[PDB]
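The chain below stands alone and is given in structure tokens; this is the form deposited in one PDB entry.
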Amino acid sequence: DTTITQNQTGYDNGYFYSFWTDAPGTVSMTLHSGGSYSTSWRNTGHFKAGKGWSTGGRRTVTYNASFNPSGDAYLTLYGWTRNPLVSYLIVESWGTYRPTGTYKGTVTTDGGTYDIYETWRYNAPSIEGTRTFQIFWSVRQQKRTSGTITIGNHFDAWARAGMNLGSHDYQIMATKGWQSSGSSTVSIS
């Protein structure tokens, strides 16, 4: 299999993929069969890696993962929209840090209940450069590492809470990490 360490996007085995880190060489992504990839990180900075789609939408995504963070990492359906500029995360599992923000309610979907949060980033990196923008979160109340994500149920719950999305940019089933070490294997279907 091919192992990626350069920041890049592309297509692999039928799927869009994206890999990014601010600490090159401390994290890799190995591209596997079909909708699968693995990651390995050691004393890293920030990274995001995943397979998915170059343009997001209201997909119903089934995934299966092995997820082994030593510290802070998320297993998350992650994406962006433009105009409004929004990053969003449906967080299925996490490591030592459970992400939270301004509490906006809950959504029950796919056998779980998720807390909804909004955060803001100011003068921060984005798909469009240095910007100020919202992050929308659905964070599962208990961790899970496989199942189905009915993305539209999250989008609709966010909209009911006044959290509005724009035109879709990329959308990936991601491993995202901040410091420390770990590994994952994530398979979408």
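Positions refer to the first chain, counted from 1. So that the term is clear: the rigid core is the largest set of C-alpha atoms that superpose within 1.5 Å between two forms. What changes on going to the form deposited in another entry:
- In the core-aligned comparison between these two forms, the C-alpha of 132 is the only one from 142, 132, 43, 60 that shifts by 2 Å or more.
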The other form holds:
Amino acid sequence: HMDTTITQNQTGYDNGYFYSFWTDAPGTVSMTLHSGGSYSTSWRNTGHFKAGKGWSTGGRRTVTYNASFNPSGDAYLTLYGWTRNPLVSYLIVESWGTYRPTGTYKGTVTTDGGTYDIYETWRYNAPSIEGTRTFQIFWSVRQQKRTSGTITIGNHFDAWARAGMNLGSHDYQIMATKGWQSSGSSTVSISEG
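Instead of the form deposited in one PDB entry shown above, give the structure for the form deposited in another entry, please.
Nothing else is written out below except the one chain.
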């Protein structure tokens, strides 16, 4: 009869929603899982972390979200997901803190009232859904920040494909808070369509 609080690397289900939690700085960050599609995070002088709720069946859905996003430094509010064969992680970054991600620029996609820059990067020997690996990351980064709205994910997937950024078969997909060597808090509420 209390909200579950996650502090150790794991995935699972809470109140019908898939969740994922990962950090390399255990004890510096927590995720509290609320009723429905809502969660909060709190972090203090963390290392790296990524945490959120969403779906173990990733794919071309529409995600509507509303968030309080309060980073004191480097953090993102981002849809975050994975595919296998090829192993790819992807991020649709809605807001950021002191640092806006960048990478190999592929063009833009205009969707959901915003224009997003498309980037691809490689991440070297890093944690993944298939162990510690090098893998590509596909990015859409909103040209300006927002903390609520709708993400029409298929429009991003289609733009990435046109840019030669090829996804594999879907694994999970979450509306995440991500942090790097910062402090802060977030609360995020989601729904699918």
